[PDB]
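Number of protein chains: 2
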Amino acid sequence: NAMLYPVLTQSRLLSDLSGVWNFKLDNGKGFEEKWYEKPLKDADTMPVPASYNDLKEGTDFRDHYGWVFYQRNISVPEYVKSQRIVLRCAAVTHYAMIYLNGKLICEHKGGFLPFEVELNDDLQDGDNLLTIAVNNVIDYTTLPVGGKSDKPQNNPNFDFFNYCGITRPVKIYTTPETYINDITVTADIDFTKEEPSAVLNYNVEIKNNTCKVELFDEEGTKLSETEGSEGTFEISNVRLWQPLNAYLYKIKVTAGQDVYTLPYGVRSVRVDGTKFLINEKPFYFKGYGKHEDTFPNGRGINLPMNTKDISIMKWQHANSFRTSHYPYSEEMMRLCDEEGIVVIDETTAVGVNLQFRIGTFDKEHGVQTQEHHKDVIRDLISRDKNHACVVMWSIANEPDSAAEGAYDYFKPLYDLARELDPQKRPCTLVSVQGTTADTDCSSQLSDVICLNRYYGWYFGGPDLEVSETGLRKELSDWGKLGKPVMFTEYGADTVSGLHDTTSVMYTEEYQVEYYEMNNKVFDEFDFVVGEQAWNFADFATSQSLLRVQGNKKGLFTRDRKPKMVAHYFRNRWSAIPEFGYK
Amino acid sequence: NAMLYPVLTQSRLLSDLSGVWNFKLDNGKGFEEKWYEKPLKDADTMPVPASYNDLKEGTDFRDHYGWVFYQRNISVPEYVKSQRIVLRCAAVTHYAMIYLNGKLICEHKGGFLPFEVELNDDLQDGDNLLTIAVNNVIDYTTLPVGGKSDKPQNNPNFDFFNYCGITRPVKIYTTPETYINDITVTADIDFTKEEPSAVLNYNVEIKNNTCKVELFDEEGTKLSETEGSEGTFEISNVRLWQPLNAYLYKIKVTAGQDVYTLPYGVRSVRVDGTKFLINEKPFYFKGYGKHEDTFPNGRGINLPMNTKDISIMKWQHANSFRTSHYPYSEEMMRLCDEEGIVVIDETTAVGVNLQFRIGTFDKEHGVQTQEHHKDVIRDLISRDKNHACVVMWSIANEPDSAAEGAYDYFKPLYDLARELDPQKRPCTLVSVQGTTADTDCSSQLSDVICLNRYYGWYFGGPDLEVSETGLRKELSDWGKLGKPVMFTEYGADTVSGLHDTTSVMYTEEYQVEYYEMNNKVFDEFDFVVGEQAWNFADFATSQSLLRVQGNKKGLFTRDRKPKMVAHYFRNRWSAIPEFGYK
Ligand SMILES: O=C(O)[C@H]1O[C@@H](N2CCN(c3nnnc4c3sc3nc(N5CCOCC5)c5c(c34)CCCC5)CC2)[C@H](O)[C@@H](O)[C@@H]1O
Ligand SMILES: O=C(O)[C@H]1O[C@@H](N2CCN(c3nnnc4c3sc3nc(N5CCOCC5)c5c(c34)CCCC5)CC2)[C@H](O)[C@@H](O)[C@@H]1O
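So the protein lines, in turn, are chains A and A'. A prime marks a further copy of an entry chain.
Numbered according to the entry's author numbering, the first sequence spans residues -1 to 146, 162 to 220, 225 to 226, 228 to 374, 384 to 609.
Numbered according to the entry's author numbering, the second sequence spans residues -1 to 146, 162 to 220, 225 to 226, 228 to 374, 384 to 609.
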């Protein structure tokens, strides 16, 4: 359906269940022995939320295959049974199974978007046993996609480690028996007037059954009031949320005995040939593709680092960033609203490429994700549709875009995408290397062409000259489409500390020369509408000859320390405006 | 008074207020402009809990002198006013001032122990403005102690950076109008019987006015019941909480409409000449002195790293660790109970040494901390007295133990210490270098002699031979006291990655040779009862010629990566039992 970010409102409530839960690894027999009923014997300690792989020693934990069992003592005073009581799981990666006192109540497939379940009718009073059971297996039926010796081990079709567990927080909140279930505010700005202003349309609806909303500004001064399920809210000379200059209005939808408020930003996003326009102005993407990766948290949420990364980005003179290869935490999404970081939202659709002999979209011996793929496109837009920060959506990362059955697979998702977006924001998919304008189904399905090209590493490296003409060749060909092309990934593995006057691959010097060259070409084409480096920071992958203790293509280290190229970019972007770059 | 760790019990409640609050740095005029009343203009974003210094860029933030203002929207449904409502601040470092809707309600001096205040009578309904204002100034009236150019800047008398802000979590809980305010369980074990068992004494008392408690075990099976304010609870063949083998019983004190439960471990601690005995067995301390230091969290609580450190310690074959130079978070204290980590609790009493010409305890131009020093000795034992993990207390780190007025300053605190400990656990103070048996007031006030000697770095380095005879000389002299001496600090700064076949200072090789030498001597004296290296991991200090980007004496890096010496110790302690080392 739809899901609001639980907060503390007079109407509802909220208690963070996160702490150090009881924990045990599945041995196989664990399910039929019904460990979810009783407590867990010979248990271990495990903080929540955080992916568990890197919080114990030895390969037994890090590379475990199968199920893990979290157990937690839940308990409530009776005067709360008064109200709706809910259990919102912001993200237990992959598959989740919840037992309370010994009975499976909820289940989810997808480890990067929330899901909830109410407890009032099965919530016994006294000591209650909550048992979330997570599984880490990836195959052709999951997004992200896992591929195919002795003993079992997941083989990911993506280039980043497979951190699982309760990645984001577990909490309990409560609402009135008739409660708000979903807001939806849109906007049409009338840049008509030299001094502009506009009006917004709301769309509440509840779940017994009055309903009418109040409007505020940054500091808290009220500016209007109205009624209805789907009315208007005119504003005169409004402050447009802009990149690196966020203004957020707030909304107090008071209805029934329920009150919940919502921060909102007013901004316009629409493409026009080869120009990405926010607030009817020509933008340029300056930033990087990043990851929810820290140590030892794994993919577990780290609010401090979140703010630290945003500071570093502002320090570096950036504005954009694509969401990894999966939806990010809600706290980060909102934080980008307050700080004004234009964000590209991506689905957990990475791995839809078997060209790494059955084809990707072979309908019997191949991918089996279109269905679930559609769910996340629903559950994600259902979650962040009210974020001024989100300027665009990307349905998949590096899929077999130029293979038979590519169109017949994506257009259904594109349609569902641009149909559920209450703002009809642009949609795109970042194509892998080896795609051509005349070859990529994204040339027609997408509004913005976003490439993952690496001319200087995989291609041509270390010959930066032949690599240059290469990118120039492919780049100009993309101009024939007459639409905006932006690089969402270019980079080169470099080990911080390795220096050389005449650079070679993996040195800090080479990384700078690589970005110097590519950027030189990017600046030759007025239809290139933004550069995003891969990656923001070194992150953990799975072991292999081609990974020097994880991925080292980041501009910063895993501990957020700047490599030399981080300064090169801070200088270059220093001399590049958010608007008017042409 | 006393403070329990708030949890989710049928009786009470708990909602974590921690998130990303509104934030502003004080400009001076901020207080008279009364920013606590209104919201905060031109505000910034700052996650809570975490010390704020390292979460923005530029020296303006990191080295700020003075006040910071946190602001947060607090809000509650009326059906809760039913119950006691409380605001527990686990630790806003240094001085804290709380305003609600614009009125200062609570204040605290001390940034490493909790403090609470109830809100029911001034908690307006609707949108409420909470404003915690923190100050970072240190002087001769604070613990830790700050000493004494242009523009103001704190000068710490301790060797670690001055991370401040809301270091530990902010939350709200609720109790019944008559509630439990303090438990107190002691134990006498009758190792009489070849197969032993014992009985425990409880001590509840409330704050209107029945009262009688239930007892359980690991899994949840009940074993007894009784009544009274100060009764007994006999157990037969009980599992003694032991180092690296924790057994924790649980207690359900049901009284009035209030229920709160407590985990407890049964263990015996008593000194006998030159032998530290836990459960009437001769122990040996194997571990390190550590810090609440991570990046970029500052001193902010990091539950994931907590478990990660504990895993590394188990991986390394350790058992002990002294609490830095200040009390640690409650979550960590409890986690050591579950994992069985014997812990030395230390006060924020570091900096009581002005020999770094008025004397330390000069009663007019010198330290002014004895009073506040006594409060923390009260507030800390009031907090962790029920922790089987805590085997000992240390009242101060490296004070001027051998100066006039030393005795007259510490004995009052020692007395208050061993008088409020409901278990009469040993007390000690770690002496600085330059102290002698015949010179240190700790030779009489303390039960265990714990040295901070560094023969091989500050003394003698790099001449490891002369440094050896040096330590041998001072070490044997300490034998004359006929009591247990344990090194709580020995180490040597080394930059991970710097190697050399013939080692020199700051190389990994030297660090190993240093520990090799000192350990060789430690093993010569049957009255040395444990080695703790300084430090567990590299941590942040303030800048100076003698600090290579912080402190680098750790066995691991700041990101928890093992230097070569981390393996040396894992091997040595590998061959050293927790008991019977002599
Ligand atoms: O890898 C990274 O760090 C990041 O890159 C992106 N993805 C790029 C495409 N893909 C690849 N991964 N690994 N190797 C190659 C590709 S494509 C390619 N093409 C190649 N040749 C044709 C193109 O011209 C040059 C020659 C060659 C190689 C590769 C490897 C060495 C031999 C030549 C998956 C990763 C992902 O978005 C990102 O998640 C990942 O983290
Ligand atoms: O410093 C660390 O890393 C850790 O050490 C501990 N503390 C040790 C004592 N103290 C010192 N800090 N810095 N320098 C010296 C001392 S004492 C001393 N004595 C010295 N001479 C007499 C003893 O024989 C050798 C010669 C010399 C020096 C020092 C410095 C260089 C010149 C010779 C405060 C720090 C703290 O518990 C810890 O918090 C800190 O982090």
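No lab work stands behind these hints: they were computed from the structure.
By construction, the Cβ of each residue, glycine as well, lies at the ideal position given by its N, Cα and C atoms.
Among these hints, one or two may not hold up.
Restricting the straight-line Cα-Cα distance to at most 25 Å, the calculated cross-link-like pairs of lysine-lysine (DSS-like) are [unchecked claim]:
1. A:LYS36 <-> A':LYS240
2. A:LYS32 <-> A:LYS101
3. A:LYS270 <-> A':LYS79
4. A':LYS101 <-> A:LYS240
Covered stretches of chain A' (in silico footprint by chain A; criterion: 3 or more residues with CB under 8 Å from a CB of chain A, positions within the stretch not fixed) [as the list claims (entries may be wrong)]:
5. 7 to 14
6. 93 to 107
7. 117 to 126
8. 326 to 336
9. 385 to 397
10. 525 to 535
Quick rundown of the hints versus the structure:
{"no.": "1", "hint": "A:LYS36 <-> A':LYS240", "in the structure": "15 Å, holds"}
{"no.": "2", "hint": "A:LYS32 <-> A:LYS101", "in the structure": "10 Å, holds"}
{"no.": "3", "hint": "A:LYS270 <-> A':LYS79", "in the structure": "23 Å, holds"}
{"no.": "4", "hint": "A':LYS101 <-> A:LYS240", "in the structure": "24 Å, holds"}
{"no.": "5", "hint": "7 to 14", "in the structure": "holds (count 8)"}
{"no.": "6", "hint": "93 to 107", "in the structure": "violated (count 0)"}
{"no.": "7", "hint": "117 to 126", "in the structure": "holds (count 3)"}
{"no.": "8", "hint": "326 to 336", "in the structure": "holds (count 6)"}
{"no.": "9", "hint": "385 to 397", "in the structure": "violated (count 0)"}
{"no.": "10", "hint": "525 to 535", "in the structure": "violated (count 0)"}
In the structure shown, a violation is registered for the earlier hints numbered 6, 9 and 10, in ascending order.
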